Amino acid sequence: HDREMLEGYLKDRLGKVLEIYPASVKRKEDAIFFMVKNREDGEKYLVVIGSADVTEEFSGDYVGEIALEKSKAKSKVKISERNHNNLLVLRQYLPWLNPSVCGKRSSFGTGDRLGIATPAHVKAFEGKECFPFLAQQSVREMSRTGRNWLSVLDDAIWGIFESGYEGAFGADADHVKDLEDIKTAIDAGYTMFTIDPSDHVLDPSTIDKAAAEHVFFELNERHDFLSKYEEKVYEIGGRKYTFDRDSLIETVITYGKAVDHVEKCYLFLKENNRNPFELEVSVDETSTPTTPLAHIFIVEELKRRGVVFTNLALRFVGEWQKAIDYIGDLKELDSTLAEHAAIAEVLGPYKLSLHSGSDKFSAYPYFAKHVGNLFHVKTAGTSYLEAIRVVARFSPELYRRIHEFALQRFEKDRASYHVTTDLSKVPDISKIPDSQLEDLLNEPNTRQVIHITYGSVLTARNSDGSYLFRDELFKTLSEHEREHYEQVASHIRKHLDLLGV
């Protein structure tokens, strides 16, 4: 608890300058745990002080023996690498280092594509009335970063250990489509499962009438949607919603197989997951905004089938492009948000979930107004953009190289995402001095370019086979950690304030 003494002791016996994170220092059982950082290389290590019983479970090097006057028998001191086995043991000793279910209270997800931002995210959440999802990454993101459920969760939890936070947090398996991916997420101990059934969502206008009749027929013959919903009326939010036959048949053709897949996924979870879990159902990747009728159909179907969910991710009117503010008519956003909120109130209650909500500040007043008591917002890329901004500020040479590389790789990485980026409006880098490079991360189109080339930047390799930017990127962010943290935390805190929490 006296920091001099411990730093002195470690430097004397190990011959390295190891700096303790004061907030990380925990005392449980009769053991001490904390984290240190090597001033010279920026490597972090777990340090355990306690009996031989305790230190044996951890792997590592015995530094020496220390004299706590907690008693009089000398404690052992061990220095351990941050790996899976050591962190499993730690997670037993410090029980708060484990994801837990959020339930029906407002939450916010700070996904980390880099694996080093979680202390900053924890800073942002200080004193807020919000449940934090600190581990959140999608199947596609992990594909593009060479990561997995375990490595993502490990990165977040090491971050949490560094932070000293003891409150609750969640791990969100984002945009999972396959049972295989649900299975590995379960094995990793994730607490929320975001089901994406978009493979099974059908745009009726893309098939001919015979095909539509066939799809409707088979769904209907196994569920009888006609008997349950035809001509049914819902008086919600001072409005009347009627399932006329045509609206019903369209809605069934659009979402029927998707509801089946959501259910099958939920059953697999019930079968294979002993531990507590939540579910989010996502339908945000559709060609059109979700109609009120579709919202009602989906929710009533899930209740009939017994699929218990906490979050519903709708497609709202407008354009929700990555790295840029809301595009669209704010009055239509207001009115549809009123509708959807009213539906969620009478139908559930359930939390409406917003994907790609990062940086849509112009939309947040309406979001907070309609659902502020129960809501969820997902972010990830915005934190990566903040780290690139910090690179711009403290390593201009590196930002320049990344910038040009990002431009060359944008047409390739763009495909998967829908953006209307105007490449003509990306400023000329050659005309901007080093002292002002940072301001590029305030221009929309530049932001989109850097947002979307994250994979290429992070994984690109030389002819040699060495990483093109990865090593330097991580070294820079290590060297400017405090500024990195404060940058990212302030940006997330802005989001949280604007949401009324």
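Numbering follows the first chain given and starts at 1. The term rigid core refers to the maximal set of C-alpha atoms that superpose within 1.5 Å between the two forms. What changes on going to the form deposited in another entry:
- Looking at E166, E271, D428, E221 after a core superposition between the two forms, you find that only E221 has a C-alpha shift of 2 Å or more.
- Once the cores line up, the CA of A212 ends up 2 angstroms or more apart between the two forms.
- Once both forms are overlaid on the rigid core, the distance between the two CA positions of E411 between the two forms is under 2 angstroms.
- A movement of the C-alpha atom of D203 reaching 2 angstroms or beyond is seen between the two forms when the two forms are aligned on their rigid core.
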The other form holds:
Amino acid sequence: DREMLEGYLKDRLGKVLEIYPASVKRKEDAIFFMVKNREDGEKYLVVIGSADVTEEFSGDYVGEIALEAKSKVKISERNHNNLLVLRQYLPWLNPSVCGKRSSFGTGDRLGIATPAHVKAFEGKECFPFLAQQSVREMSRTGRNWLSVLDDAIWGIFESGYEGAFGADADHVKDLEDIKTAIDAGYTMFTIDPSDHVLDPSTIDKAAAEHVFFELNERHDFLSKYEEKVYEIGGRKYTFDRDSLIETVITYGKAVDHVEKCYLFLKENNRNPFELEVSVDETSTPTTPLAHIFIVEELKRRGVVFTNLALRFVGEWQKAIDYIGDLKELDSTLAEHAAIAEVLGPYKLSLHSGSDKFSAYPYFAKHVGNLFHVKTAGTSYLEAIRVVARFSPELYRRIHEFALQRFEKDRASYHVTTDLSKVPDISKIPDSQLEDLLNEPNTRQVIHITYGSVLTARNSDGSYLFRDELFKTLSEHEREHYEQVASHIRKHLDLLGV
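In place of the form deposited in one PDB entry, the structure of the form deposited in another entry is requested.
Chain alone follows, minus partners and molecules.
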């Protein structure tokens, strides 16, 4: 019985240690499970079995229990090395390349949301990317590739999931971060070339002339593409001189950067990987001609990629729904998908796709089974909703602090938040506080200030919210899980999977 394991541990340790029944695994003659301490919420690994298995873990022994010969009990902490050995014994706890099947990325800014994300994918065919954070997010939350992957795998171990998952090195720019991500075993690298994306509506004409002249002297794009026709499906696309000049000015050094990154990956990653190229940064929606140019330049240079992240028409602001003409969205999506199949095939990636419910149907029609969708912030928003539900004074303080940090934390993104429409909370009854994580502007304000709240210090050195927030989220674990899981499952449902 499980209850007699809990009683064995309690009598031999003096701690109420409750077993996640879904965590128990049995490989060879050994047993691995997770337990939660109901006093402080800390979680621990427990290994039950032979002499040499239990030896390869850093842990304190609790004695030998009759099993079914006697088996040693070893309680252990989830540091990186114990987790490495656990991934040896439970070999599904390792990230794997996704392929040309559809995928969904549930990024976790907090490191405690993976089991809920697992519950969301239950019953659905859609490759899950469970370890997904950007260099910027990890910079703002004090984490790294290793810690993000370890958190994701700890969550998987809790859930009991034995299926495939992925680890996305989101929005990487410089080769040293790529190298760190290679060392941590990540399976997809989403490379960002924005440092070299050149918005044509900002620069002076002369600078654009100079940049194009350099790129054309170095690569001679004119004689390769000028007046070249591309007959994709019904449509015919012609590289007229002007359109080609502006495509080159916008994307040339960016493609140089992406080639450099892909070559770095060929020279240094022995293990399998796949690659996502991000074109999301352009303010203008990506033209079909620019799509053609980018994919053809990547092919000509030998760059293997699996995911292309176009900047599609419309508005893609964080936390809120897609704004724009749904039928232009539909038609340009037909364009981009039809071109992707002839030039590839490959997957289209929807950066900042969290909560764009209206676009999903169009995406699940033309994109079909070759889609990727990336969500990280919405999980944090649902977590803050749980916080407001159970610690409303904490949410009140966070709300004021966030309204304050908003201006500095938004100058690094791109939103049209209407601060006038943020409800006045001094009147709102603690019961209704969660409901304003339904009002779009408050959604945005909470969304982009996550780093400030998560790292805000006091004078005496204490943290304003971090500790209280994690305590609250631990005390109400299944609440948190249900919220996050049901929202992500809303996503996957509307996406046709």
